[PDB]
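Trainee: Residues per chain are reported as follows:
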Amino acid sequence: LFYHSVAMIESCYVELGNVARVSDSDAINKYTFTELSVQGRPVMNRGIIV
Amino acid sequence: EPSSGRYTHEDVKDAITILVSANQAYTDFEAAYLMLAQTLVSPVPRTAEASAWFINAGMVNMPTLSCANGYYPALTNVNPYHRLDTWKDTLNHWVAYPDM
Amino acid sequence: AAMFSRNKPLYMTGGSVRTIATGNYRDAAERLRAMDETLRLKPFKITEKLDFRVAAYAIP
Numbered sequence: 350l351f352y353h354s355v356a357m358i359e360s361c362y363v364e365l366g367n368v369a370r371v372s373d374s375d376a377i378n379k380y381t382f383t384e385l386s387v388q389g390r391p392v393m394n395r396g397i398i399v
Numbered sequence: 250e251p252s253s254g255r256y257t258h259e260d261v262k263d264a265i266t267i268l269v270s271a272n273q274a275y276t277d278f279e280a281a282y283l284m285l286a287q288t289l290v291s292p293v294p295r296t297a298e299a300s301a302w303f304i305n306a307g308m309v310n311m312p313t314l315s316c317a318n319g320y321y322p323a324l325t326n327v328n329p330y331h332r333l334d335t336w337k338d339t340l341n342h343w344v345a346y347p348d349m
Numbered sequence: 599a600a601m602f603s604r605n606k607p608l609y610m611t612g613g614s615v616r617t618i619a620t621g622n623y624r625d626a627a628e629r630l631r632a633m634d635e636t637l638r639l640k641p642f643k644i645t646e647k648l649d650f651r652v653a654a655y656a657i658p
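Chains as they are written, first to last, in PDB author numbering: chain A, 350 to 399; chain B, 250 to 349; chain A', 599 to 658. A prime marks a further copy of an entry chain.
To be clear, the hints were calculated from the coordinates, so they are not data collected in a lab.
A couple of the hints might just be wrong.
With a straight-line Cα cutoff of 27 Å, these simulated DSS-like cross-link-like pairs (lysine-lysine) come out [as the list claims (entries may be wrong)]: (1) A':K647 with A:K379; (2) A:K379 with A':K640; (3) A:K379 with A':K643; (4) B:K262 with A:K379.
Make a model of the complete structure from these sequences and hints.
Mentor: Encoded structure:
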């Protein structure tokens, strides 16, 4: 689980690095990158989905 | 948090950008954008006779404020319904170039 | 069509009323939302251009 944990946080914090450097005036931006990717019916886009 | 009292014009942009993104109220913003384009400026009359337009006060029809997203957040999810595919263009234009 | 009340115009507000049929609901029961309830997350490939300071995501 230790190796699976570092693999997940390293994947997330790397991508949030190059997501923070996009202008709001765009299709896939800071606020609306979760909605277009998700093709299901979750209650709220939070927790494990993001 | 409790109200501070003071705010910069930059802070109002942050308030609008969050409120639209959370509520998915992109078409509601497009209505407000066109509604302000009418009011923002008024003509200086060409001749003295053209002052007749601006004597009587024109009425601005503001819709009643109602929303039920806070109570039932299940109805607003990741797959929203939109009629046009260019339904987020007006906000993306304003947030980039406000003075336009 | 026009309606009056208290010597003033009474206007109809709200959504557009439709002719509800028995078929219009039970076609969504026939549909069932048969999209298998499985959270399939699709990726976005980052694309670099002249500035490089700001990032740009593509669909494929």
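Trainee: All the hints need checking, so say for each whether the structure fits it.
Mentor: Hint check results:
For the proposed pair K647 (chain A') and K379 (chain A), the alpha carbon gap of about 19 Å is at most 27 Å, so the pair holds. As the CA atoms of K379 (chain A) and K640 (chain A') are separated by approximately 17 Å, the hinted pair is consistent with the 27 Å bound. Note on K379 (chain A) and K643 (chain A'): the hinted pairing holds, with a Cα-Cα distance of about 15 Å set against a maximum of 27 Å. Between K262 (chain B) and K379 (chain A), the direct Cα distance comes to roughly 15 Å. Compliance with the 27 Å bound is thereby established for this hinted pair.
Checked against the numbered hints given earlier, this structure breaks none of them.
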